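First comes one chain, alone, set out as structure tokens in the form solved without the named molecule.
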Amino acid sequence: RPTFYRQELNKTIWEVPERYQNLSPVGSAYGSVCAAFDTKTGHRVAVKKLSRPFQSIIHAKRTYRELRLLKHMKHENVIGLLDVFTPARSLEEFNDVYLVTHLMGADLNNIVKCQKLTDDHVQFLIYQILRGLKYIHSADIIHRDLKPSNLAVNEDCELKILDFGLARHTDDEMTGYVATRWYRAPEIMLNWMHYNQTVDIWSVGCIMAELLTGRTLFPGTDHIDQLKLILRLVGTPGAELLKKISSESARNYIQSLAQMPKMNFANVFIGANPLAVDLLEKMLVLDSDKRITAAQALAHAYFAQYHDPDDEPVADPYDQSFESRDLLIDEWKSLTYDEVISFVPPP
């Protein structure tokens, strides 16, 4: 066990191993975050102290879910876990959880608004998102919250996916003129049906379009305005997709709208690479069963310069059976403790 030291920073007590030095607050409902220098590895890191990790059954299970997910992710284009610790010496006094990751600087928002991107930049950025998604989807994980602020980018255009959706976002958070909804697939925005990993490909399409034009693709002022923007581009649904919408009321609302054909994407994305236009038509399909997958998209000709089928790995199997399990607070807490003390750091 390492030696810990205590200190109060912005009305919060931080008790961390000596290896972490020069802590400095950098943001704060999930927890508080500090930047630090890790003397063992030489990296600048983010140290997150979870807020009230075991206050309810829902909160205790969310804590376990986040720790299991971060411990599993081992891929160049996905954020991974550098360390996890608690100052507790026993399960009986276990109360605080700290997560350590690489410190991220710029996100894709900064780049999209402040840089002139060549077509080569768009190829490399979207390639890396799809490479990470092939890995994530191979373990039957759905990200659910892909958007520019959840993609970290450095000066060499290298990219990592972060901030997996832990089923956290509230009704108030998705209301009105907000980027938290502009990247969501319509079937999840309006609860049309049980969703699957195809919702992430819809998000990549929205992100790719914004890199090409400099503008948000579907900036709706509310759920209904956003649906109207979507259907004007991709067309209103046919009878085949209507069959798949479980809500009879949602089916009724859809059929209330006048029918519209799919638009010509070359006249929307004026001047873009014809291979980029072709890929966007295959991502932004209304029926989720018919969207291109991440593995299929990596082999698309738009990525000819970067695609290497021997360097696009898949994930180890990921057991999610705990999600359907019913446990008490102290049982979720004990499972979390076990995962903290069994952590083994990367090479």
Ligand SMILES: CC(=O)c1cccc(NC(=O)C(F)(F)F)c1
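Numbering follows the first chain given and starts at 1. Residues that one form lacks are left out of the comparison. Each form is matched to the other, and the largest set of C-alpha atoms that superpose within 1.5 Å is called the rigid core. What changes on going to the form solved in complex with the named molecule:
When the two forms are fitted on their rigid core, the residues between the two forms that move as a run of three or more, each C-alpha shifted by 2 Å or more, fall solely in 243 to 247.
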The other form holds:
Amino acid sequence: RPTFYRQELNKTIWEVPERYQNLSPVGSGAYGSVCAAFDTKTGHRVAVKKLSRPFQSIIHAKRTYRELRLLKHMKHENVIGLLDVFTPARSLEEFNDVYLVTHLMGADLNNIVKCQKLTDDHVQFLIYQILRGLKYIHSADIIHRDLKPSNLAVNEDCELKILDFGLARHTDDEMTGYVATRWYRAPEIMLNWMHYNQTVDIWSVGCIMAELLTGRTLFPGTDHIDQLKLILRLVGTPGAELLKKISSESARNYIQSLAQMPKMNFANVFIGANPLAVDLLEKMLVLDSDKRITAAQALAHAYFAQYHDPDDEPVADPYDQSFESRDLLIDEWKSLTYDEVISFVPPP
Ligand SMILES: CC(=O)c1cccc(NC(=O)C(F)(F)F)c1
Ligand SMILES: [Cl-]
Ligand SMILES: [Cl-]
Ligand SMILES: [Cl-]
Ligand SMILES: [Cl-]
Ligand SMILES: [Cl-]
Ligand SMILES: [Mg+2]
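Let's compare: the form solved without the named molecule is above, so bring in the form solved in complex with the named molecule.
The complete assembly is shown below, putting the previous chain first.
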């Protein structure tokens, strides 16, 4: 067991191993507080997250276990990984606090799309890396659920990592009105007309790629209905074959009130774009989620010819998510989490 030391930073006690020095506050959502630190064992600048109220309810205890399981699994160049996890507790009986350690990220994709002149080569490389990471995530039967520019870290060498997996955390208030939290979400889930499946992540990639080509949000709706009307104007209203698959009475009832509209000409929307970029956008931004391109198919599209290497696009080890259907008490979720903290092995 390492030696721990204590300090108070913005009204919070931080108890951490001596290896972590120069702690300075960076941020605090409702899920926890974050400090930047220098890790003297590895020489990395790191983010240290202290979870808030991790075992306050069954819902919260299960979310803690979910997050730790996911971060322990993810071992890929284009996905955030776990550098360390610790607790100051010396036994399960005194266990209350969980701290998560990752590489410190600087710029996100929001920063670079607002500010920098992107060539077609920059768009090819950034979207390639998102799809390489998504091939690996989807091979584990994990859905990200929250891909958007603020969840994509990018360094000065245009190298990209996916972070901030959806832990089923977003509220109705957070999705209301003129908000980036909704602009990247697939229609069939905006009002929960379809059960979630991995195809919703490819919709989000299409929205992100469009915004790197134009510098503008693709579907900046003022509310869920405004956003659906912007989507259907571009991709067309549902056809007969994609009404036959829509089981939700709520969906067919609103959908069938709208005047029918054809799919627009994407070369006239994305004026001047690489024709191969236009073609790939037409294959992602399809209303019928069964007919969307997959991450593995998209890596083999001609748009990525300069970067595609089918011997360097790895898949994940199998991921057991059977806990998601299991009914346990708070202390049972807490013991499972404790076990996962003590069994952690750091990366090479
Ligand atoms: C199976 C499938 O692709 C599916 C299932 C339910 C709803 C929708 N989409 C829509 O209802 C909307 F796009 F018009 F919003 C699509
Ligand atoms: Cl230490
Ligand atoms: Cl990482
Ligand atoms: Cl503790
Ligand atoms: Cl964003
Ligand atoms: Cl597993
Ligand atoms: Mg985020």
